[PDB]
Every structure is written in structure tokens, then in C-alpha cells.
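Structure provided below as C-alpha cells; questions to follow.
What you see is the complex with one protein chain gone and the rest in place.
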Amino acid sequence: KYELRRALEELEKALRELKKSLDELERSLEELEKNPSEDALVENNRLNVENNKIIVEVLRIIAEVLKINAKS
Amino acid sequence: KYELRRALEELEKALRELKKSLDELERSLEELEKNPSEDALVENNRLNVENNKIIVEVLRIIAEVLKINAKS
Partner (left out) sequence: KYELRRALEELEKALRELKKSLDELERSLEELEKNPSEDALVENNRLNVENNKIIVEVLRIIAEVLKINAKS
């Protein structure tokens, strides 16, 4: 079952990165609301796109797990 | 199988919240495009971050379901 175990471990790793990304995104939003500006908006958008990027990777891993389970 | 049932029910609940969040996000975007401004942009970013926040929660639940299925 190592194929599945490895996939779930990679999922765990990606979710940890996703959480860190989300934390930074939320911090940026709080600062943006306090002191808004074009620069702060661009910064926040950057971090939002980065969060979406990791979400896409997490979804890829989940799809892989589902395919492993299906051939099983 | 209650562990799995409960997880899938929680998934359903989170997805409903996610849909409401997305609806509000889309409404905000439409208003932003009609009448853009720094304030409207900050508001839209707020709702986008909130949507990402719920997505992360949904992904957590999915990971839990996959772990339940794996020990099964």
C-alpha cells in the first residue's frame, strides 16, 4: 500500500504549505484593510494567487489518491 | 461506518458555506467591475481571501475522508 501511503504523506505536506500560505494571506489582508494602497493591494493579490497555486497542487494530489483507490 | 458518514456530512456542510461565499464573491466582483475603486478592491479581496479560507477547510475534510478510507 506504499503508493497510497506516499500520496497521503505528500498530501499532508502540501496542506501544511497551504496553511502557511493562508496565514500569510490573512496577515496581508489585515494590513491592507488597516492601511490600503495600490501597493498593498498588489501584494495581497500576489499572496492570493500563491494560495490558489498551492490549492491546485493539493487538488492534483487528491486526484492521484482517488485514482489509486479506484484501481484498488 | 459512522466515522465516514459524519465526515461526508461535514463535507456537505462546508461545501454549502463555500457556495454562499462564492456567490457573495461573484456579486462583489460584478459591483467592482461596474464601479471600481480602492475600497471596492479591498472589499473584493476580503471576500476572495474568505473564499480561500473555506476552501482550505474543505480540503482538510477531504483529507480526513481519504485517511478514513485508507485505514478501511
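Note that the chains take the letters A and B in the order they are written out, and that residue 1 is the start of every chain.
The rule is short, and it goes like this: a contact is a pair of C-beta atoms (placed from the backbone, for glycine too) under 8 Å apart; a residue touches a chain by one contact, two chains touch by 3 or more.
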(message) In the whole complex, not just what's shown, which of A:7, A:14 or A:62 touches the removed chain?
(response) A:62
(message) Across the whole complex, list the residues on subunit A that are touched by the chain not included here.
(response) 38-39, 41-42, 45-46, 48-49, 52-53, 55-56, 59-60, 62-63, 66-67, 69-70
(message) Take the complete complex as the reference. Which residues in subunit B touch the chain that isn't displayed?
(response) 1, 4-5, 8, 11-12, 15, 18-19, 22, 25-26, 29, 32-33, 36-38, 41, 44-45, 48, 51-52, 55, 58-59, 62, 65, 69
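Everything that follows uses one rule, which is that only the chains that are shown with their structure count from here on.
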(message) Measuring centre to centre with CA averages, how many angstrom lie between subunit A and subunit B?
(response) 13
